[PDB]
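Here we start with a single chain on its own, the form deposited without ligand ATP, put down as structure tokens.
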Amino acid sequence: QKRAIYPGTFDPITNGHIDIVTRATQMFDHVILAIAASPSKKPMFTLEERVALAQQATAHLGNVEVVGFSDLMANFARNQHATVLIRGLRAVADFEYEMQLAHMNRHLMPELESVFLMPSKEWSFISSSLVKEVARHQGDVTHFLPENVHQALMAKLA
């Protein structure tokens, strides 16, 4: 039984995130999609809203468990009995910070292996931030988000 954690702010979860978590379930027995509270990022959606959106978005994937956390992600991964930490790698700018976070996590929990997955070309140029910006300007974001997420983002901005 191999347990992987996929941590992030997921404010909100996008098709890019769905792509990564799906690739993770094909590789590992159990995947914990872990939503960081991230108050420093001043998130659009509350932790509870992000958890509900991700639960509904990944309900079709049987080996996905969605959980929120305010803890240090290394402690949360230890407490979830995870030995793999998944992160998606879109481009060079993300990669630089990903190395810092992975080297820090390695110092905090050496047995937790950080692995990087690459999203499809389709989602290689999107982010939660970019989708929110288009949506703040009433631009069509239906293509980039699960149905429930799209509806929730429409509601939040109305």
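Residue numbers count along the first chain shown, from 1. Just so we're on the same page, rigid core means the largest C-alpha set that superposes within 1.5 Å between forms. Compared with the form deposited with ligand ATP bound:
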The other form holds:
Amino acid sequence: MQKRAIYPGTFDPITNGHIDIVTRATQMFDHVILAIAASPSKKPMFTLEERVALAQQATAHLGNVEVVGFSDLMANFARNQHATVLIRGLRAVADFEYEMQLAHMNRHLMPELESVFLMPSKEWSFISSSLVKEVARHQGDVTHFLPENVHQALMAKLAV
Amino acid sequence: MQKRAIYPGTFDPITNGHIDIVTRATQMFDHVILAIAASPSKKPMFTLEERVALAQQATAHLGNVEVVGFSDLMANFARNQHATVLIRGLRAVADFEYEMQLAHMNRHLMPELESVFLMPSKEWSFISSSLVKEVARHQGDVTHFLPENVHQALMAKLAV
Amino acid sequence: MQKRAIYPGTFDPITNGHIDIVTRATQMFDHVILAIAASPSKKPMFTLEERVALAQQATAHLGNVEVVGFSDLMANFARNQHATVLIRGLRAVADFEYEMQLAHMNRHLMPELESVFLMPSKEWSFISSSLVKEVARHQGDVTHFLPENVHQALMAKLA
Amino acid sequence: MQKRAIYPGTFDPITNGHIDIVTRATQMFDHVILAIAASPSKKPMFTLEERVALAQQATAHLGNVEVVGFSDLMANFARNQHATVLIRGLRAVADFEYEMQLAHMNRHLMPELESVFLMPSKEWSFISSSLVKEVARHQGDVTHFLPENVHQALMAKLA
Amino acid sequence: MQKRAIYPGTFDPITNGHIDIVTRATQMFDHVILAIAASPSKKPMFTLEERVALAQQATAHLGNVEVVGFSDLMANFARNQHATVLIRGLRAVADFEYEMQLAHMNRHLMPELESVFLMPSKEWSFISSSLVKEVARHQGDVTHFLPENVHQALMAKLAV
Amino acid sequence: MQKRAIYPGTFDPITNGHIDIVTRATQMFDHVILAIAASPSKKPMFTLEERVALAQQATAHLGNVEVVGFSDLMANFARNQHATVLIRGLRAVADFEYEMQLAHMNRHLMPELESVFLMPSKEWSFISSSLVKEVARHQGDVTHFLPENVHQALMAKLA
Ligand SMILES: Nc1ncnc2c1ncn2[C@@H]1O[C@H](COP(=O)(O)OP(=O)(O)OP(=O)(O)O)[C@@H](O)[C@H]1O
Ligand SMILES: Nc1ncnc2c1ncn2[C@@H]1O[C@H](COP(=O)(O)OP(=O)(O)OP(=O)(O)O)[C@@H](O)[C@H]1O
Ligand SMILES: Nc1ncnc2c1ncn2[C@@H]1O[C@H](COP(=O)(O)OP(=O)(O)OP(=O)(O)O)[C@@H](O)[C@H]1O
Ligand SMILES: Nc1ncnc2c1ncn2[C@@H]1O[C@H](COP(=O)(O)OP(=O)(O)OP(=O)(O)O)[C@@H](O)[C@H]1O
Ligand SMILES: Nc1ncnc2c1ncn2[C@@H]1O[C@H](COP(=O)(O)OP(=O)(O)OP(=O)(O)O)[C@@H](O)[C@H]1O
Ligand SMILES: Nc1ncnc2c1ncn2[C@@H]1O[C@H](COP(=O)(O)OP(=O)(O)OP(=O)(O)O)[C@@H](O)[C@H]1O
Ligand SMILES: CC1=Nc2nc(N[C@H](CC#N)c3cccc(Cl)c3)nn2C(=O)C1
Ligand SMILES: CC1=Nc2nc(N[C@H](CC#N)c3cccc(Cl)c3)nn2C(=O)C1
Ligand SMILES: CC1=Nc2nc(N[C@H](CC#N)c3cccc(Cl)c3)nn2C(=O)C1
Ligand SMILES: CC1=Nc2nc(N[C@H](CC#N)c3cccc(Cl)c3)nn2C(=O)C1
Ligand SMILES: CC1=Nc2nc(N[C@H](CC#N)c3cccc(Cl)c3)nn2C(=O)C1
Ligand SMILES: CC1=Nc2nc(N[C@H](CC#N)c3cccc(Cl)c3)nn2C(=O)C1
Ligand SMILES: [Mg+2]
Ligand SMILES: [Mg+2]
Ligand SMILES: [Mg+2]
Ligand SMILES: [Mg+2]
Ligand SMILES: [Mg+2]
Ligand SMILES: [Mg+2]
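Having seen the form deposited without ligand ATP, could you now give me the structure of the form deposited with ligand ATP bound?
All chains and molecules follow, beginning with the one already shown.
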């Protein structure tokens, strides 16, 4: 089987938790599309061009990952990319109820698309991009949670 | 016993999940008031006049339902309507903690009003008006989750 | 409109939390059947005959309650009692998850039987028959959580 | 890319919910090992030989499934089956909490074995082998939840 | 041991639930700093000066409480106050997942600071400042949940 | 200010997660009593005398810890130890729900005894004595989760 999977999200910014999930996905599937939402409901800290560049640099060492921006329904994107697996990261702090709503709705929209839940290292099980951004805005040390390029970009963003 | 019950909410828009709960309520209580919030904290997609007309058309086949708009505390509304039962729908994806907060506060405000939790069909256990609206805004098929009149109204709203 | 509800459980023994739920049910429905499961699988402390007698005495002040024992499938028992409402009490999330499985299975077995969930007073939101028995087994005071007749029966059983 | 997955459990007996999960697994991976635990600690209704025969008949229509019994540590069994994916099914929050503990322990024992969680159809989201057995023990109809061969075996065991 | 603890939050306004938690904290620790967030993400109903005055009057009977405003990371505040305990109130309706995220992040920022979770009376286990404010805005009786000074201040605020 | 805390449990056997919690407690309070329940109802693997000896050796490096066994109601034991704090560890939501019931009951029995909940390191957030015993029963490596003395005792018990 030549399996194609999508890993959708806002990635605002990509963290070590997201890196852990996409790395695990690359070990089980032939091709992984890290799919970045162009226009989320909440205005992102980083623009789409910034989010894409940061994710590309942070996943450049993974040969079977492609980073792509999208603005449509994640099921419509998977359909157009010929993907049959949608990857979701399940943290210790996940909103399990929302993950159930999302998976059942995604199955209604594209029944041939299977939702696959992967668990990150215990190291990243208790973080989110929102939490990292709030800590960094309040002058806290978040270096451990980010790839080096993201740490540099976040410092630059908060400086101005 | 001549029991009167209220079923409050925003109904923005009314879905098949809400229809399932109000239908179950009509089988156990003599009179059910489907109570639509006039001024919710978050600006609704549909105006109160639209939400009321849609709920009336979608419940017209139920002889013991009355659709009414309200702007006061739901306990104050129940009190003025001589209702002694407040219906809440409990989904598989419900925020059980919030339902507990709400029921205990409603009991403090009107101790003679009993909160009754009803469970929808498995078919509607994983949806919400918010999720349906987000899917439809992103050009997804939500026909299965709505009464026909609501499907028509939602298409018209998103077209403009 | 001649509405009959059934409130099933093990009631080993009946607590003030169960009394709170059955009282709320009697204010809503014309007739409430408090249905006590023989429940041998849970190895109960009190026999079914003891549990029925204790619940009858504890609910004697409520005119529209009838206490009965059963070993049947609960949906068949509700049908045979001409009940169209099955009452369950919700204390917390642990109750909610299992109560969803049970209610969907009861719906499959009897679609016209509606499960209705009620919430107890904050006073009894954190108690169970198991917790009360564990405290009493270790000689802790449980008079606050039980009807008088039940407390004296529990003390006698452990004596 | 010659991907092998293991789907371990007690399967006492295998239900339509388990069939839903193993079917989803076969559409994703080249070969799926449905691994039935001897599980004497849970005092199962069916012997391991019975559970293996029932699951083999219930999954015979799926060409890339292999049913096997085991008493080993599940991470050692996955290694010995050359599996790099361990499939688990998630019905609700109760599953999620325990499944996190299990997956972190399996990762400690075999880091290259990835736990993959799948969600069943809404149809089977509220069932378990325990619930089905409890309904059948009380003579309730469970034909909707089990493969035909399993339903007839369950009726025979309780007869 | 001469222990110093902080009890941080928005306290918008302080309720009987917060009073219950700070009272329990004063019984176990030598000094408790009730720490009020100056600039929360969401605009508060009461200004910082109002929140501080209300908390001071409501805790004046507790000899070992100090009320202080802060705008920095709660871990940075604890560090500067020489506090080694951070008090969190855990309601029946708490977002346990968020409490786990927060405690693990606080431990990353200041490992010598221990998070201590205290449980309020059953009486206040189902309320929040948000719920109290929503009920009061909709003309509901919230007197039972507040200290007298807060009840007076809330009536004045909603009148204008 | 001469503050005494009690940390009660079954500790069958004591794990690195329990050691993490008792260590955090010793940094907060002047004296900590690690209280081991005889707990015959849970049919423990180790006798109470074994559990006390293992915990004493595992906590010998902490100067303000005292290990003791008890069969009493835990609130009565805290009173008799002159403790005003009862320490409990929180790993996840499953702990939280039951810990709320327990803490409200302990408050009813001894209002001046304050329950204090502590969270372990992420390293031990997903372990329990039951999980460690299940892995060891299936010959899986549990050296990472236990003090050296406890690991050797567990291997000997299963041998
Ligand atoms: N620390 C993490 N560990 C594992 N999975 C994660 C982690 N952070 C995010 N994910 C998952 O990755 C996907 C994309 O996440 P997303 O871009 O929304 O980041 P996020 O941290 O969830 O964002 P936000 O905090 O703004 O809600 C989702 O499946 C999400 O659950
Ligand atoms: N799918 C559904 N099944 C059962 N009950 C439902 C369903 N949707 C809503 N309810 C219940 O009906 C009542 C009114 O709901 P409301 O108008 O807020 O819709 P909603 O889907 O909860 O809205 P939103 O998604 O905007 O929060 C509440 O008791 C709610 O829990
Ligand atoms: N304190 C309580 N408040 C509200 N509902 C309750 C309470 N105790 C029990 N119930 C509910 O009453 C029904 C019958 O409960 P049951 O006989 O199992 O008692 P229980 O307290 O849960 O006993 P056990 O601890 O033995 O399981 C169930 O729906 C249960 O959730
Ligand atoms: N209805 C179902 N839908 C999805 N996954 C399921 C379902 N039933 C079981 N599973 C999952 O399949 C795996 C094996 O389950 P197992 O053999 O324990 O069956 P079970 O139904 O949970 O039985 P029991 O009730 O005896 O514990 C687990 O990951 C479990 O969560
Ligand atoms: N009723 C209460 N009982 C116990 N702890 C509480 C209560 N209300 C708040 N707390 C706790 O006190 C601290 C400060 O709370 P905060 O100022 O955010 O009030 P809040 O009620 O949580 O606010 P909001 O409703 O705006 O989110 C937190 O640890 C919080 O969990
Ligand atoms: N890994 C851990 N991290 C934090 N707290 C823990 C951990 N293990 C146990 N605790 C807590 O320590 C106390 C005593 O626990 P107990 O002796 O029951 O151990 P346990 O690991 O839960 O054992 P069992 O699996 O046998 O129930 C409880 O408050 C429990 O929640
Ligand atoms: C069942 C659903 N399918 C969905 N697809 C999208 N797509 C948008 C595309 C853009 N920008 C999006 C926005 C934010 C994050 C992500 Cl990952 C994706 N949203 N959406 C839902 O809310 C529900
Ligand atoms: C204990 C509570 N009682 C309450 N009553 C109301 N009423 C408003 C009326 C309007 N518009 C409302 C707004 C949105 C949805 C609904 Cl269902 C009702 N809100 N409210 C609370 O937030 C809490
Ligand atoms: C869908 C279900 N229907 C069911 N009916 C019964 N009946 C027994 C009767 C006896 N003894 C019982 C046992 C314990 C408590 C109660 Cl309330 C009822 N059990 N059961 C289930 O477990 C599931
Ligand atoms: C991290 C773990 N690894 C484990 N391996 C096994 N193996 C037994 C084999 C037998 N009988 C088993 C028993 C019941 C169900 C299953 Cl799926 C597997 N148990 N176990 C754990 O409890 C934890
Ligand atoms: C790990 C974290 N540490 C944090 N410290 C702060 N401090 C601000 C200070 C101000 N204004 C604050 C805002 C609102 C309530 C409180 Cl209690 C504290 N926020 N914050 C996080 O969001 C996460
Ligand atoms: C409010 C409660 N108080 C309680 N005290 C005890 N004591 C026994 C003593 C023995 N053996 C025990 C058993 C197992 C673990 C512990 Cl930590 C303590 N149990 N108990 C409850 O179950 C509830
Ligand atoms: Mg996110
Ligand atoms: Mg809603
Ligand atoms: Mg029970
Ligand atoms: Mg199972
Ligand atoms: Mg708050
Ligand atoms: Mg334990």
